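Using the sequences plus the hints, can you model the full thing?
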Amino acid sequence: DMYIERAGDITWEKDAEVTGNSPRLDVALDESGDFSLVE
Amino acid sequence: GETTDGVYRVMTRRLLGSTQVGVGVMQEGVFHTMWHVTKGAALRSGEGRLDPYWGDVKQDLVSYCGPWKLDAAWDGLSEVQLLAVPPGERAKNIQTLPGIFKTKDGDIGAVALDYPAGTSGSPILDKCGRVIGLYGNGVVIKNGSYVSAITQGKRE
Ligand SMILES: COc1cncc(-c2ccccc2C(=O)Nc2cnn(C)c2)c1
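For the record, the sequence lines run as chains A and B.
Using my numbering, the first residue of the first sequence is number 1, and each one after it goes up by one.
Using my numbering, the first residue of the second sequence is number 40, and each one after it goes up by one.
Mixed in with the good hints, there may be bad ones.
Derived DMTMM-like pairs (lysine to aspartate or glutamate); straight-line CA-CA distance at most 20 Å [what the hints assert, rightly or not]:
{"no.": "1", "chain 1": "B", "residue 1": "193", "chain 2": "B", "residue 2": "165"}
{"no.": "2", "chain 1": "B", "residue 1": "78", "chain 2": "B", "residue 2": "90"}
{"no.": "3", "chain 1": "B", "residue 1": "166", "chain 2": "A", "residue 2": "15"}
{"no.": "4", "chain 1": "B", "residue 1": "193", "chain 2": "A", "residue 2": "31"}
{"no.": "5", "chain 1": "B", "residue 1": "193", "chain 2": "B", "residue 2": "86"}
{"no.": "6", "chain 1": "B", "residue 1": "78", "chain 2": "A", "residue 2": "13"}
{"no.": "7", "chain 1": "B", "residue 1": "143", "chain 2": "A", "residue 2": "39"}
{"no.": "8", "chain 1": "B", "residue 1": "131", "chain 2": "A", "residue 2": "13"}
{"no.": "9", "chain 1": "B", "residue 1": "141", "chain 2": "A", "residue 2": "30"}
{"no.": "10", "chain 1": "B", "residue 1": "141", "chain 2": "A", "residue 2": "5"}
{"no.": "11", "chain 1": "A", "residue 1": "14", "chain 2": "B", "residue 2": "118"}
{"no.": "12", "chain 1": "B", "residue 1": "78", "chain 2": "A", "residue 2": "26"}
{"no.": "13", "chain 1": "B", "residue 1": "131", "chain 2": "A", "residue 2": "9"}
{"no.": "14", "chain 1": "B", "residue 1": "97", "chain 2": "A", "residue 2": "26"}
{"no.": "15", "chain 1": "B", "residue 1": "181", "chain 2": "A", "residue 2": "9"}
{"no.": "16", "chain 1": "B", "residue 1": "166", "chain 2": "A", "residue 2": "31"}
{"no.": "17", "chain 1": "B", "residue 1": "193", "chain 2": "B", "residue 2": "153"}
{"no.": "18", "chain 1": "B", "residue 1": "166", "chain 2": "B", "residue 2": "114"}
{"no.": "19", "chain 1": "B", "residue 1": "141", "chain 2": "A", "residue 2": "15"}
{"no.": "20", "chain 1": "B", "residue 1": "181", "chain 2": "A", "residue 2": "39"}
{"no.": "21", "chain 1": "B", "residue 1": "131", "chain 2": "A", "residue 2": "39"}
{"no.": "22", "chain 1": "B", "residue 1": "143", "chain 2": "A", "residue 2": "13"}
{"no.": "23", "chain 1": "B", "residue 1": "108", "chain 2": "B", "residue 2": "41"}
{"no.": "24", "chain 1": "B", "residue 1": "108", "chain 2": "B", "residue 2": "128"}
{"no.": "25", "chain 1": "B", "residue 1": "143", "chain 2": "B", "residue 2": "41"}
{"no.": "26", "chain 1": "B", "residue 1": "193", "chain 2": "B", "residue 2": "114"}
{"no.": "27", "chain 1": "B", "residue 1": "78", "chain 2": "A", "residue 2": "1"}
{"no.": "28", "chain 1": "B", "residue 1": "97", "chain 2": "A", "residue 2": "31"}
{"no.": "29", "chain 1": "B", "residue 1": "78", "chain 2": "A", "residue 2": "30"}
{"no.": "30", "chain 1": "B", "residue 1": "141", "chain 2": "B", "residue 2": "118"}
These are calculated hints, taken from the structure and not from any lab test.
Shown next, in the form of C-alpha cells:
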C-alpha cells in the first residue's frame, strides 16, 4: 500500500550546488517506456 | 489528506520498514508522478485516498485526482534545477545544464545527475520555479551513471 508525505516547496534556490555534464545522446524509446542508446 | 502544492515522497510499507519508491508533485489539487513509481495503483494521503485519473506507460507518467497540470518546457538554453528528494534525505536543489536525447520523433532535454532509484519523480525546475518535467526515466551510459530525460506531460 502506497502513501505520500510532504517533502518541501517547489522553488528555485540561488547559489545551489552546480554539477553534472550535458551529454548529447542518440536514443530510442520503446512501447514499454524504456529508453535505450542507439549506436 | 494534504493537498497543499509542493514535492512529496511516495512510500510503501509492503517491503522491510517504510521504503521510498519515488517522488511526486502536487499542483492545483492534482498529484503528478512517474508511472514506474506507482504502476497506476491508488495512493493514501493521511486518511484520504488519491485515485489515478490519467496515465501512459510509454510517456512513463501518471496523474491523480485530475488531469496533468504541468506544461512548462525547458527553453533549450538555460540551466535548470533538479529538486532531488533522495530516500531518507532532505530535499536538495542541484543546478545543471541539460544535455539532449535525440530521438526519431524529436529532441528532449536530459539531466546527467545520479541518484538512488527511489528519487524517480523529483521535479526539474526553470528559473521561475515552474516544473518543466520529472526526473527518473532515462538510460545508463558507458560510464555506468544514469542520464534521465526531462519527462513532461501535456496539459489538455
Ligand atoms: C538500482 O540501479 C539502477 C539501475 N537503473 C536505473 C536506476 C535509476 C537511477 C536514477 C533514477 C531512476 C532509476 C530507475 O530505476 N529508473 C527507471 C525507469 N523505468 N524504470 C522501470 C526504472 C537505478
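Each hint tested on the structure:
no., hint, in the structure
1, B:193 with B:165, "holds (17 Å)"
2, B:78 with B:90, "holds (12 Å)"
3, B:166 with A:15, "holds (12 Å)"
4, B:193 with A:31, "holds (18 Å)"
5, B:193 with B:86, "violated (30 Å)"
6, B:78 with A:13, "violated (32 Å)"
7, B:143 with A:39, "holds (13 Å)"
8, B:131 with A:13, "holds (9 Å)"
9, B:141 with A:30, "holds (14 Å)"
10, B:141 with A:5, "violated (35 Å)"
11, A:14 with B:118, "holds (12 Å)"
12, B:78 with A:26, "violated (27 Å)"
13, B:131 with A:9, "holds (11 Å)"
14, B:97 with A:26, "holds (18 Å)"
15, B:181 with A:9, "violated (35 Å)"
16, B:166 with A:31, "violated (33 Å)"
17, B:193 with B:153, "violated (26 Å)"
18, B:166 with B:114, "holds (11 Å)"
19, B:141 with A:15, "violated (30 Å)"
20, B:181 with A:39, "holds (12 Å)"
21, B:131 with A:39, "violated (34 Å)"
22, B:143 with A:13, "violated (35 Å)"
23, B:108 with B:41, "holds (18 Å)"
24, B:108 with B:128, "violated (27 Å)"
25, B:143 with B:41, "violated (41 Å)"
26, B:193 with B:114, "holds (16 Å)"
27, B:78 with A:1, "holds (12 Å)"
28, B:97 with A:31, "holds (6 Å)"
29, B:78 with A:30, "holds (17 Å)"
30, B:141 with B:118, "holds (19 Å)"
The structure is inconsistent with the numbered hints 5, 6, 10, 12, 15, 16, 17, 19, 21, 22, 24, 25, although it conforms to all the rest.
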